[PDB]
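Visitor: What follows is each chain in one-letter form.
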Amino acid sequence: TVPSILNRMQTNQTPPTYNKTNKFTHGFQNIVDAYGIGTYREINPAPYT
Amino acid sequence: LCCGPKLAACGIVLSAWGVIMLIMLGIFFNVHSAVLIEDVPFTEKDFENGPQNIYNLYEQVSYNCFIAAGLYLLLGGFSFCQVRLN
Amino acid sequence: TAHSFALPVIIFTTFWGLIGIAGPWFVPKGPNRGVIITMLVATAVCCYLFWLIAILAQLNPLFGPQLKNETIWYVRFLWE
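Protein chains in written order, with the authors' numbering: chain a, 347 to 395; chain f, 5 to 90; chain e, 2 to 81.
The following block holds chain a by itself, in its conformation from the complex:
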């Protein structure tokens, strides 16, 4: 009965990176990230690659 609570916090720390992958694009995303995993919502090379 006592609740859970979720808190945000303005963060100076760098978050992880994600790209909403799909079956077709997974290989391309893997390939472009193989030289290095992208940064926070930076331009993703996968779609044009």
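What the hints contain is simulated information worked out from the structure, not anything from laboratory work.
Where is the CB? At the ideal position from N, CA and C, for every residue including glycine.
One or more hints might be untrue.
Here are the simulated DSS-like pairs of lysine-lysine, each with C-alpha atoms no more than 27 Å apart in a straight line [stated by the list, open to error]: (1) a:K369 / e:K30; (2) e:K30 / a:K366; (3) e:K69 / f:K49.
Derived contacts from chain a toward chain e, CB cut-off under 7 Å, selection only [what the hints assert, rightly or not]: (4) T371; (5) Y386; (6) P393.
Please arrange chains f and e on chain a, whose structure you already have, making use of the hints.
Guide: Below, chains f and e without anything else, positioned relative to chain a:
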């Protein structure tokens, strides 16, 4: 006759590719397209009278392509028989 | 042999331009929309440039092909 299924599968794919490619080559050779000239067993004497001779040798190579395509058809049937046998 | 540098350029330019400009308006909404529109645009750009460069390589040719006398004799009959 029997063999491993993977070898039989390789046989069928090889036979199909042979049939298709050699059908293409025979078609163009019977068309007498210039692109394939150097493969024609032409002889120096032929380039005097007219192009009909070289047409006939073009057709010889074309028939020869069709024959090898036929051998590939037999091979394809054979390998499919083995694949389904396994 | 009517190989003008007029009709091929219009036809292929409009082909790839349609693909790269109009198609995105017809692609439905969806998550894959981004990669799909990117595919259309990039494909149009790349293929069109490829074909364009290839044909302009032949526009106003500077030197002719060198051919064996055998093939010259055969082609004289064969081709226009």
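Visitor: All hints, please: hold or fail.
Guide: We went through each hint and held it up to the structure:
no. : hint           : verdict
1   : a:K369 / e:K30 : holds, 18 Å
2   : e:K30 / a:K366 : holds, 16 Å
3   : e:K69 / f:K49  : holds, 16 Å
4   : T371           : holds, 6 Å
5   : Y386           : violated, 18 Å
6   : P393           : holds, 4 Å
Of the hints listed earlier, the one the structure fails to meet is number 5.
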